[PDB]
Amino acid sequence: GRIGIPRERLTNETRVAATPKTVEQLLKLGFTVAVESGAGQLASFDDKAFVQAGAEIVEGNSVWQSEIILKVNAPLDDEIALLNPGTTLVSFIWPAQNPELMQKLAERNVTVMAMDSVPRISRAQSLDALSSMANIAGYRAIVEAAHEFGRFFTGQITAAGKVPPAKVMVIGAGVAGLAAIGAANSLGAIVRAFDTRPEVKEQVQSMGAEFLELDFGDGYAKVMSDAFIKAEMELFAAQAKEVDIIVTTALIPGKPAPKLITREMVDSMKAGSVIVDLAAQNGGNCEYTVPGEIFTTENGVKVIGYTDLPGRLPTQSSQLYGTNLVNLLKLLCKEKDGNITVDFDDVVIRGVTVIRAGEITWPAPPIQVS
Amino acid sequence: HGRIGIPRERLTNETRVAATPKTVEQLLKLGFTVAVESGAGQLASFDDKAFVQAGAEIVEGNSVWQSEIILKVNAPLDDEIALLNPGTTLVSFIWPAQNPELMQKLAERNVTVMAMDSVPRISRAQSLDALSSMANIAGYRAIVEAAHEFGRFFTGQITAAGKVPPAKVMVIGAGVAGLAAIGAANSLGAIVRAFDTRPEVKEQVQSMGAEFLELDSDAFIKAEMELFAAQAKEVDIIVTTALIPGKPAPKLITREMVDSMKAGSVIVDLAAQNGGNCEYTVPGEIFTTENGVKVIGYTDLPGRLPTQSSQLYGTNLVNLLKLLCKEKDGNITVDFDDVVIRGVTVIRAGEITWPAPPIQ
Ligand SMILES: NC(=O)c1ccc[n+]([C@@H]2O[C@H](COP(=O)([O-])OP(=O)(O)OC[C@H]3O[C@@H](n4cnc5c(N)ncnc54)[C@H](O)[C@@H]3O)[C@@H](O)[C@H]2O)c1
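Protein sequences, first through last, are from chains A and B. The first sequence maps to residues 1001 to 1216, 1223 to 1376 in the authors' numbering. The second sequence maps to residues 1000 to 1215, 1231 to 1374 in the authors' numbering.
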């Protein structure tokens, strides 16, 4: 039962699928581990920290000669040839958005587990890589906003005068948004949050933020109605005028991101304001967003549209993601003997297994339990 | 007469301005008018528009120099000194001890110069003390830079994928900048430790929830180095601020201490402009050690928080002018019986009045 951890080859990727701490965990599961030399370097894990944990260091493509491969990103074209039949690959895959990739992997006679396809159910939280990464992205967004902001986040009284706190608006109070709210509140900002779902109001309020209400037959139809989208954009246009920081997190995989902050709203903001657009990978929630870059408007607003926020917390992201993969493996390897049993009676194994022994098993059916 | 000019700064990479729209409002309340050179506030995020809304006039050329008072951040350059008209009062950083030539050229202009670096450090002068204002910004920004460069959470957190511990931060020197760094680090949720040679700061440090570290001349030096060497193995972030007793910065953190730290640690060295407290520091840069520690040696931390630095510095200048202008009629009066004014006045109508007589 050999687990191989390759170096991530997607350009600019700093994360690794295992850390020294998760390797000790994979050994308790009955596996051995080979890590490719240099794989943890950008996440601050050198070869000898892996050796200290109990892994073997290997060079070249020797790492691909293992029963299981743990990666962050999907194998590139030139890495797919290196998968041997009967190998089990665990990575992000995003099957719905990549039929070309799913074809290439199936002709390799491998089993594939997509970390993006973990069922969003309670018992799967400890394996939920999308949530791990979003929590990191939301914290990091505020670090990125503080770095570009030219004023204090924190209110204080100095001998040279009383400094007000920064005002922060967070749009979307899913996982990334809540993490941004938490970080901004920790820095002493006045934080406001909008989310279309009213159920999240007590979460937001407990983390110290104001839940923004709109002016203004089922819920779905209301949030899609012209009236709601008008009230929502007016809310944002008005907040834009008085806040210093906006974090946007409205992202659904595979769909272009809704433009909730227009050129005109950003144009009305105080100079030196910052917008961190966490939907930049799908085009961004802000019309000024240039994915991969910081764009500064003519009125002096910095629109941050980096799409690799977890990769800018690479040590943390590798540790949490790696822990997600460990927790998946605990499920796969119940008796702790280095043997993967891919059991489709377990709903989470079923949800994540998108290829099995050459046969595409994605998509999983709706979960329905007796 | 009663006109204050706010020039655009000329020093390479200077992002600050000596007034904001807010301080402009206050300067008009003291009976002055205000001319701001176009673009002066741009890098600090103060548009010409905001100055005009505050009641300033925007001027183009050396027009700004045709004012009775000039407020700047940095000392005037040669080609600037020649535009100063006799009887003008210049207020800026000057650093007379390091710049005897500049002092002479300003004197020949028959001007009055108040050096914001020469504010006496007595309590009633704190509202004018530009050095504290900037040290406070630098301590905050140091932590902002550390969090930006650091690859782990500062903030302790319980997640579904594990309980993450908080970063451990050691601050060396708990003066104005170290205290600001302590505060910023606390705000981010870190475990903070601090050392100062002055035991009187102990109670301030402890009241911020930080650990004041204790020891175990030259016996003092080595026990201090020994504490730092032990802490360097346990902590993730070091912010180091020990600077200007009247001297190059003491090397408190050696190459061997940095080589000992966990990979991905950050050192922010705020004493970099005097050669730094850290042996790996490269002034004006980040240097990454072979073992993965980022040693931040920026010497312009205040310029990296330009809006805040301009606002506090500019308020410092308003507070100096409230001293010099008690009647609020746009009129400077220099009173040498007031030791704060005696200290800050380095030239008075063409005569060099620095150094001021000794004080306590
Ligand atoms: N009157 C007031 O209320 C007031 C307020 C602020 C500052 N000040 C004055 O201005 C002066 C300088 O300001 P500052 O307090 O920021 O100090 P500073 O910038 O000159 O130095 C930073 C701190 O590091 C310390 N230090 C020196 N060598 C050290 C070593 N080897 N290890 C650890 N720490 C070391 C100092 O004790 C100092 O506290 C002080 O002397 C103070 O009296 C006065």
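A few of these clues could be false.
[What the hints assert, rightly or not] Each computed SDA-like pair below joins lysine to any residue, with the alpha-carbon atoms no more than 25 Å apart:
| # | chain 1 | residue 1 | chain 2 | residue 2 |
| --- | --- | --- | --- | --- |
| 1 | B | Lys1167 | A | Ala1244 |
| 2 | B | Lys1276 | A | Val1058 |
| 3 | A | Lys1028 | B | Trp1368 |
| 4 | A | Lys1021 | B | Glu1067 |
| 5 | A | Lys1167 | B | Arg1318 |
| 6 | B | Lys1308 | A | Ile1300 |
| 7 | A | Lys1021 | B | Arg1318 |
| 8 | A | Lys1340 | B | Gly1161 |
| 9 | B | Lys1162 | A | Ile1057 |
| 10 | B | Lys1247 | A | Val1058 |
| 11 | A | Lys1048 | B | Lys1048 |
| 12 | A | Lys1162 | B | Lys1342 |
| 13 | B | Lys1167 | A | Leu1042 |
| 14 | B | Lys1028 | A | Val1163 |
| 15 | A | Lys1021 | B | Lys1308 |
| 16 | A | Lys1048 | B | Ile1157 |
| 17 | A | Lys1021 | B | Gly1161 |
| 18 | B | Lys1021 | A | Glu1148 |
| 19 | A | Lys1162 | B | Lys1276 |
| 20 | B | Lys1162 | A | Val1058 |
| 21 | B | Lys1048 | A | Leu1042 |
| 22 | A | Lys1048 | B | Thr1367 |
| 23 | B | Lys1276 | A | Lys1167 |
It should be emphasised that the hints constitute simulated quantities derived from the structure, not laboratory data.
Of the numbered hints stated earlier in the document, which are not met by this structure? 1, 3, 4, 7, 9, 10, 11, 16, 19, 20, 21, 22 and 23
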